[PDB]
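Below, in structure tokens: the form solved without the ligand, a single chain.
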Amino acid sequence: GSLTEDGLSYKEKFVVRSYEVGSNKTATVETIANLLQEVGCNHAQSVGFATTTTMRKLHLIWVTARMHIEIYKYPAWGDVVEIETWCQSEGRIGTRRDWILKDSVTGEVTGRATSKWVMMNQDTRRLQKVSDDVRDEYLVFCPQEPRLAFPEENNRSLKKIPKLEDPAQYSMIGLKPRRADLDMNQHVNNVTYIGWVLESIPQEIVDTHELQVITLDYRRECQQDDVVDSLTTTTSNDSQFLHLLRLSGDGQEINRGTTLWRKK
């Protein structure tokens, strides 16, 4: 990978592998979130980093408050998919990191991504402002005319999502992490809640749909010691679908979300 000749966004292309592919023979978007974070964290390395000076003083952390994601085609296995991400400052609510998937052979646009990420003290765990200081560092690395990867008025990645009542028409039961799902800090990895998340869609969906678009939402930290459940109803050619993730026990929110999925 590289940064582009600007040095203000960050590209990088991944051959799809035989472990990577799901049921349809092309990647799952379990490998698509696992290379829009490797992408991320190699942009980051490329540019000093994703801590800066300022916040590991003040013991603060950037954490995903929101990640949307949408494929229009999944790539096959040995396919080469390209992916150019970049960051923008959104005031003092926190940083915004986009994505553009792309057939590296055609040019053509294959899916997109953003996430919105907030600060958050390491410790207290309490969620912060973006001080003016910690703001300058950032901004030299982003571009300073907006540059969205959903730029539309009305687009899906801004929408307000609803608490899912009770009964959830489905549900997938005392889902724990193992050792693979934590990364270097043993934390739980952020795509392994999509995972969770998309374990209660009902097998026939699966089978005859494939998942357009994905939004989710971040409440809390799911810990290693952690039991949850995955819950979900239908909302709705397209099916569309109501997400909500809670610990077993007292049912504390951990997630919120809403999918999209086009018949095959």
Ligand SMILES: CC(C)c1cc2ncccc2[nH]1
Second form
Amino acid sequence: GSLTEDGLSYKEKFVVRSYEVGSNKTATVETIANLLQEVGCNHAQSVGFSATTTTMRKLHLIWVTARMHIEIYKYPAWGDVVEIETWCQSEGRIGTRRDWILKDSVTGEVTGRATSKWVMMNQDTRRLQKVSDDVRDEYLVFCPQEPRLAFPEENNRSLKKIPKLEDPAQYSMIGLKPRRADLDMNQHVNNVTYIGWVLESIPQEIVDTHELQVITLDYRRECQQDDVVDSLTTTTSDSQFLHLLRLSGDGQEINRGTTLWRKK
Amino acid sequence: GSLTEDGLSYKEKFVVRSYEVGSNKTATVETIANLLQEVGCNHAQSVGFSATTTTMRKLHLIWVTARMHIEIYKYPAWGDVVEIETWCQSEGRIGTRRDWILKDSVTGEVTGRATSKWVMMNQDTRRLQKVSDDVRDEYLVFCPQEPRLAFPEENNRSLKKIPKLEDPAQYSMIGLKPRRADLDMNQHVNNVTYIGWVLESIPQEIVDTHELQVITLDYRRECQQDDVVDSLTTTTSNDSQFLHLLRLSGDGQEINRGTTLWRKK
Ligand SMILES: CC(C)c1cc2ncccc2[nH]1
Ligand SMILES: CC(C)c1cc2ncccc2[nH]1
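To test you: the structure above is the form solved without the ligand. What is the structure of the form deposited with the ligand bound?
So here's everything in the complex, that chain up top.
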């Protein structure tokens, strides 16, 4: 992988692996989300990151995902090469955004796009906060200053408000727990694990007859290594679903989201 | 990746990813086991597989892992490039073996080795069987005919008999269930998931103070997509050794047994 000529975005190519594909012999949406994280990390490394800046390290600040939105037109097959371009943008004092474009390396055609919103948090107190002037200055060095959006379209799916699923849910998968492979290097549950848990409550007959086209997930609270999660889904419709992940015991919400599926 | 000059082994290089590493910023043993599977698959594709031979597809036969043995001297760090060489050998009518050697791409030093035993099974009845003459002929085309062992040594750990853990276990992790990411393209639980489940019952204090040096795992029965597993571990021992057992949560049917050896950091 490498920064592009202007140094304001990063590109990397990936060959889809045997264990990364599902029943159609194409990459799962969790494989796509892991590749998005990987290219994001390689971009941060290339522009001088620790994924914190110097000021964030001095103030004990970290970024946490507030929302992830992914749209896939074609999933890459086992052995195919996918090229992913990523870039970041400051959104004033609210937070930052990381966007991605996925292309088939042979045809050059756009096969998917994604966008994520990140908010600042004090890592000790876990309290959210606005982005300071020093942090915005550090981002200006490696972000495009004119807007560059993976989802430009007015009133597009990536910015829609998601409601809270009402009990009783139509479908559920109860008692989900993370194992060590679900943790990142800092022993926190990897963001992609929550996507897997959301999808666990979709009936297998939908997965067998449809392809996932769009997923929008809001992240509200972290699942700890010793927590247990319930995944709830209700059809709202193409087939569309409303999702909710909550802690098994007290019912505390950890995520809410929506998925749109196209019949094969 | 590519077959070597003689066409009897295959090599591939991998850059260790951010999500593939644990607390020490080095690849987990599950990441190593997934890379071993990936290079094995690329080798099979390179020599004409479709992972069965022509005769196997005609008779509805498949290979299943009976044992996996991995020894790691140094885990590769995040961003490091690891080169893995793999090859297969026929073991008469018993089954086949796939071996691997892991090297640091910059130093050329061997950082790990692995060996796996595979047995033939009828895909429909799930009944094990001996390897036929036609299948052995197909393997002779792409295997070295003289022995080539990742674990040559006389009384090496890879061939040791593993006993069955006696209740009560010292440690346990109960109610483990596979999710869709744990399944392969044929909707079977990926072999590497069983390694993760074995390790779940090791106390976190051991993982925080030691590095896993050797793991030997016997596979006896498949965990179905709707099954639930219990992972049991008992210490048997600067080195710590454990005995492991995975069994179905309900009836207690054994699915795997194994041993791990850990060295203090
Ligand atoms: C699970 C992670 C991504 C996460 C925790 C959290 N807390 C507050 C707001 C957003 C948040 N996101
Ligand atoms: C690896 C799993 C699917 C497996 C099932 C099995 N059955 C008999 C002997 C070995 C076996 N291994």
